[PDB]
Amino acid sequence: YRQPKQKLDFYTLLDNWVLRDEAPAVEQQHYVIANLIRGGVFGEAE
Amino acid sequence: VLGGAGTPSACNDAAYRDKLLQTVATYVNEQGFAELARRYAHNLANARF
Amino acid sequence: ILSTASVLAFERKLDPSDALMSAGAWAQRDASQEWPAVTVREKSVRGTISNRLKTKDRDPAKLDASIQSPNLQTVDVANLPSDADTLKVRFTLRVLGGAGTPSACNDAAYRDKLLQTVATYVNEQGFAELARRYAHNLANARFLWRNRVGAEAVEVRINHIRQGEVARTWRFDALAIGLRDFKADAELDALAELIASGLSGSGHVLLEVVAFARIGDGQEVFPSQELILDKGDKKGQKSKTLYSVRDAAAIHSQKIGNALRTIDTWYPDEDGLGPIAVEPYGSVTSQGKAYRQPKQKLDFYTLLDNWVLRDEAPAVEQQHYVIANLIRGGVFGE
Amino acid sequence: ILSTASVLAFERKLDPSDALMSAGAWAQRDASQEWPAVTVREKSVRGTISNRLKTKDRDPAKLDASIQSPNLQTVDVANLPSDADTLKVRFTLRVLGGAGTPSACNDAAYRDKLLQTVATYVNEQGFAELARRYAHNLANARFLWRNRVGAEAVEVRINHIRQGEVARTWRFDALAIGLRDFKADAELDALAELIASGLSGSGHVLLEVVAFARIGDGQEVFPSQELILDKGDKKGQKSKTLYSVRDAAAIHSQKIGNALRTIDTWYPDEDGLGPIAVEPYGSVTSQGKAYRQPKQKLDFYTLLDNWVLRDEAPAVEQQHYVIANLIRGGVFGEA
Amino acid sequence: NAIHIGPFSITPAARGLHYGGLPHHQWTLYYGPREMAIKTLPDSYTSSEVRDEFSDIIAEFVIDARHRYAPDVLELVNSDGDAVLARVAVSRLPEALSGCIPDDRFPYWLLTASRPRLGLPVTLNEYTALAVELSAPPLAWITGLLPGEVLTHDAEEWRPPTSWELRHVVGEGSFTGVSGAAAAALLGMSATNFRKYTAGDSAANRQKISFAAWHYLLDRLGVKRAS
Amino acid sequence: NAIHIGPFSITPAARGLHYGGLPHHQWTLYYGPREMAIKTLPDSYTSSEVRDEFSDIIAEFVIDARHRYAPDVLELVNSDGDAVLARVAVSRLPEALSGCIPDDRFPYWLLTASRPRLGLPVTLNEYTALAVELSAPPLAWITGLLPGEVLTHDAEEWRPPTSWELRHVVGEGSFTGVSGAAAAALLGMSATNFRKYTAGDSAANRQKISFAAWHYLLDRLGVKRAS
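Chains as they are written, first to last, in the authors' numbering: chain A, 295 to 340; chain B, 99 to 147; chain C, 5 to 338; chain D, 5 to 339; chain E, 2 to 228; chain F, 2 to 228.
Chain A extracted, bound-state conformation:
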């Protein structure tokens, strides 16, 4: 779920929110902050 072909994965939502200032729906804001609470390595691939 949240395939990147749809515009709802964490990376596209974070890039639209931070770079382009297009803040998503408040549910997706909860999802992005839940991903930031989860932690992880969000950098370039490979």
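Be aware that a few hints might be false.
Said to hold, decoys possible - No more than 27 Å apart at the CA atoms, straight line, and that leaves these computed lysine-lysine pairs for DSS-like: (1) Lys301(A) - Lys60(C); (2) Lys238(C) - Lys60(D); (3) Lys209(E) - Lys60(D); (4) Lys197(E) - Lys197(F); (5) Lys242(C) - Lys58(D); (6) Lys197(F) - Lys209(F); (7) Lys235(D) - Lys40(E); (8) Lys197(E) - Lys40(F); (9) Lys301(A) - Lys244(C); (10) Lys242(C) - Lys242(D); (11) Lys66(C) - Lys301(A); (12) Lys299(A) - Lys60(C); (13) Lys239(C) - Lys58(D); (14) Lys244(C) - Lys60(D); (15) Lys47(D) - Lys299(C); (16) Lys58(D) - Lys238(C); (17) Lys299(A) - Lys117(B); (18) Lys244(C) - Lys58(D); (19) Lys239(D) - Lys235(C); (20) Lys242(D) - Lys299(C); (21) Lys47(D) - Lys242(C); (22) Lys238(C) - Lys235(D); (23) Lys238(D) - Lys197(E); (24) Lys299(A) - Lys66(C); (25) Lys117(B) - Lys58(C); (26) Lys235(C) - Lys242(D); (27) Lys209(E) - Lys197(F); (28) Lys238(D) - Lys238(C).
Everything labelled a hint here was simulated from the structure, so no lab data went into it.
Got chain A sorted already, so can you dock chains B, C, D, E and F onto it with the hints?
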């Protein structure tokens, strides 16, 4: 539960770091962690673990 | 016609040991000699596709095929026991003195000029500012790197050990003394006087530093992490290795030494971000950035070459930073 | 007539062994035969660039690129255990005698003149000055090279071992005896008399030297470093190897031997800088400089050629230097 | 009878031996003060055979020094992140780089080839300006073997190169492969006045090359860009 | 009391007159041997006023010489023919050009900006190579005002510039705007040893600049690329 959930532990760009910090700050000021803590408290309440 | 020496190198002062971890209960920390060591165990980790993807690998068939075949690693882990909430971290620290004399130097004239420059620094002010900041980084337990984050109470006992027995004892609450500012105190300035006595060569300073951090029962502690050599991974081989001295989780000595010299507040970029470690081109690995870039005139080499060759003494904070780099040691030559 | 020999070589007197390290607690040091050895471990090291940049103030983005990909290395390290605070370094040194005879020579006339020159040196004065300086370098623990820096208390026990058991014992406080000047002492002159009796050929000298240095619980010791076959780029990681004999950290025998012959105080530059090791064109690598340059007439080769061929006997201090070079041994030939 | 191949020198051991009945000599190959190899070659070997014994070690030195001191590579990519459009070997970095992942807000990006990439959004005219300003000459790796105070543009800190440093770039055995005659013709001098630079000691009529002549020579040999 | 502004010289007429009751002198502005203007300026004019009388004619000369000797412009376009992607001022043409109209068989073309276009299909890596090789420095138009035998790379045909040709590029009134001190610091030379080049006659201790120093100076001033 620790807190400080917006600050990265390692970053390249300082400008992107400041923009991300202020974006999480505007999220927190619009609404707190209450919805997320409500769902985490539910997952603590039902023994999903 | 005085030029820099082509060979020039300094041994380090402030030698720490490897910090050993043990575990026990809070308020048993006054009888903390029989506390059992924190051991490093292994556990299995099943991951998932969670990093970024290239655009050539974002087709849904390829993504679901990658999710259906997961990665299975083995990971070294270190936790407190389930009946103990306090991590104890113990090491020893020698303060040595003789901080101006290079261990190897080409020119005799440059050696004499550098020695007299450090001598005029010492005569104008002692090591008291630097030793105050070093005693701060001992007092607040900054050498607990991630073990300090989110703890209830951190308490540091420092024993100055003259003969085989204790000569003096300090006790600090490391959360009162912040990681941000360098204040004053009676016991902290007594410790700073001892460290400056060691750095000046007027004594022999050996301290034993013990930190207690109240974490929680069975929580994860973070020792130093080693480096793996992968040669065609042996059916999901180990992906994380932790340092251990002899079945006891430990922190590398240069990690403790990097946390000790986190005293540089004089870098030109900002001052509300905190102190950093004294390095030439003062660089933070987590930030990926060099404060004191050499295109500004505030790295170690331009300040040292202006102070020594051309007698342009910098500001007293930059003089503090240059003498801190000489205390840190290094290979400063071509 | 009487040119110098084309090949000429001397075997060394004062042969030391490899000095082994072990660890224990101070005031147990008289029972220190079962002390466990100091072992060499590995640790990982991550570091940034602290050397001088080649392009000095240009290219500030390359510096930030190099911080984001730092140097990872594996490094051999040796420490004391966390409950031991005393390092113990043990070796055996034997003094032989026969310091004038080369082991290889071309001319018989040159070796006869050289043997007669050394015989007149020994007949004028004994080895008493040289043996006093060697006993001083045994008395202070100079052979602890960096393990002596910043030590709390250093104590040296020297056993003259005649048969399989101990014949005589010396006990020195190595921090009292400085690394600077050559004092006098009754025990030190007894040791110097033993060393001079060994150098004169009038006896067989075997000593066992044990040094104890009080450092600290778990502090770092410094054995000898081995050579690395440019494995900093291909395999990349192993960037320091330490010498070890049988799973026990050790110092090389020639390191101990270099510390023993640090007796040369007569070099023409100064003598407030301390003694240096005896060497032809007496040179310190850590200073990158040659004292006793051959432009001045005070290196070993010109002094030997004037003393042997042209009979120009130098001053008594330079004669001590030349005989110290002959005790050191080496390949002194046309190269 | 030493042999000089650029900065390398092959010297014999001043007294031979008899191996297998035949007289031999030990030849040592040095790169300046650092001893690189020793071989035991017979007498009745011509100097071409002595050169071709050590030619393999010299060639492996050249291979390693060429790979080690290779200049950096910037890549011009499109907005997705893959699909390299152009590459340029630079001798410096564009000073505004800071770690970036390319998105579709701009159609052209300039990344480092090193893996935690730095990058910058460009628009094919400032890319051309950066490539013209910062490009590397075809023999920039020889600058890795030079002391760095003979390569500086600051005239106060510059010191002239020695004869051994001068033999890295000028000579038939040098890494540029340019003779003294061709390098004299590049500087507008005669071959004798240029051979005055390559003597070795200041007594035997050796003067030092000047700042402008050295930097123009490094420009014309294709070693340093010297803008 | 002549006035020198770079290559220009303003000289008075050696006997004045009385215009309107006041004493005047005729000042002539020369560019070398060619007489550019004559004015009749009063006495009790300071030399700054005499300079600012002819500054407009000097500025129009600079404008015309900058527009006339402007270097060529190549354009990188896509496959249709319109929609310029990049421009590059070159000092030479890429030697493989021959009159072309871009079609869609290749996606990138390199045309001349001059109207019967020449062009070449490129692929953004050889475009970068051509732009690095053939680009023009920011003050290339000063090469239009120079004799061409002082700009040649052939050392057999090169002759050193005179003091008047040297004043086009070095001096406070020159077209580069670079003083003699800054040009001495560019060449790693003392201001006096560099002022020895700018005397004018060979008797008054004037030596000629060398080939390497002249071409390196033209490289460092941004006049000739000097590859």
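Quick rundown of the hints versus the structure:
1. A hinted pair counts as satisfied when its Cα atoms are at most 27 Å apart, and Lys301(A) with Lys60(C) qualifies at roughly 17 Å.
2. Distance restraint check for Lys238(C) and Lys60(D): the Cα-Cα separation of roughly 46 Å exceeds the 27 Å cut-off, and the hinted pair is therefore not satisfied.
3. Restraint check for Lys209(E) and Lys60(D): the C-alpha separation of about 25 Å stays at or below 27 Å, so the hint holds.
4. Taken as a hint, the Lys197(E) and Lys197(F) pair is honoured in the structure, with Cα atoms around 25 Å apart against an allowance of 27 Å.
5. About 39 Å separates the Cα atoms of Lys242(C) and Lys58(D), which puts this hinted pair outside 27 Å; it is violated.
6. For the suggested pair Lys197(F) and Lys209(F), the alpha carbons sit about 9 Å apart, so the restraint of at most 27 Å is met.
7. Between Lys235(D) and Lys40(E), the direct Cα distance comes to roughly 24 Å. Compliance with the 27 Å bound is thereby established for this hinted pair.
8. Distance check on the hinted pair: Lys197(E) and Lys40(F) sit about 56 Å apart at the alpha-carbon level, beyond 27 Å; violated.
9. Distance restraint check for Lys301(A) and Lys244(C): the Cα-Cα separation of roughly 34 Å exceeds the 27 Å cut-off, and the hinted pair is therefore not satisfied.
10. Taken as a hint, the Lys242(C) and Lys242(D) pair is honoured in the structure, with Cα atoms around 20 Å apart against an allowance of 27 Å.
11. For the hint pairing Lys66(C) with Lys301(A), the CA-to-CA distance comes to about 18 Å; that is within 27 Å, so the pair holds.
12. Proximity of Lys299(A) to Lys60(C) is assessed by CA-CA distance (about 12 Å); at most 27 Å being required, the pair is judged to hold.
13. For the proposed pair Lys239(C) and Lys58(D), the alpha carbon gap of about 45 Å is over 27 Å, so the pair is violated.
14. This hinted pair does not check out: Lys244(C) and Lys60(D) have alpha carbons roughly 38 Å apart, beyond 27 Å.
15. Simply put, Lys47(D) and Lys299(C) have alpha-carbon atoms about 35 Å apart, too far for the 27 Å limit, and the pair is violated.
16. Between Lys58(D) and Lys238(C), the direct Cα distance comes to roughly 42 Å. Violation of the 27 Å bound is thereby established for this hinted pair.
17. Distance restraint check for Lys299(A) and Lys117(B): the Cα-Cα separation of roughly 26 Å lies within the 27 Å cut-off, and the hinted pair is therefore satisfied.
18. Simply put, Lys244(C) and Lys58(D) have alpha-carbon atoms about 36 Å apart, too far for the 27 Å limit, and the pair is violated.
19. Distance hint between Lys239(D) and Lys235(C) is fulfilled; the C-alpha atoms sit about 12 Å from each other, no more than 27 Å.
20. Our distance criterion of 27 Å between C-alpha atoms is broken by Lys242(D) and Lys299(C), whose separation comes to about 34 Å.
21. A threshold of 27 Å between alpha carbons decides the hint, and for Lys47(D) with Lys242(C) the separation of about 17 Å falls inside it, so the pair holds.
22. For the hint pairing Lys238(C) with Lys235(D), the CA-to-CA distance comes to about 25 Å; that is within 27 Å, so the pair holds.
23. Under the criterion of a C-alpha separation no larger than 27 Å, the hint pairing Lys238(D) with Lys197(E) is inconsistent with the structure, at around 42 Å.
24. For a cut-off of 27 Å, the pair hint linking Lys299(A) to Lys66(C) stands: about 12 Å separates their Cα positions.
25. With a C-alpha separation of about 24 Å, the suggested pair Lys117(B) and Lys58(C) falls inside the 27 Å cut-off, and the hint holds.
26. Between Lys235(C) and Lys242(D) the CA atoms are separated by roughly 16 Å; this keeps the pair inside 27 Å, and the hint holds.
27. For the given pair, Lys209(E) sits about 21 Å from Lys197(F) by alpha-carbon distance, which is consistent with the 27 Å threshold.
28. The hinted pair formed by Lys238(D) and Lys238(C) meets the criterion: a straight-line CA distance of about 22 Å does not exceed 27 Å.
Violated hints, in rising order: 2, 5, 8, 9, 13, 14, 15, 16, 18, 20 and 23; the structure is consistent with all others.
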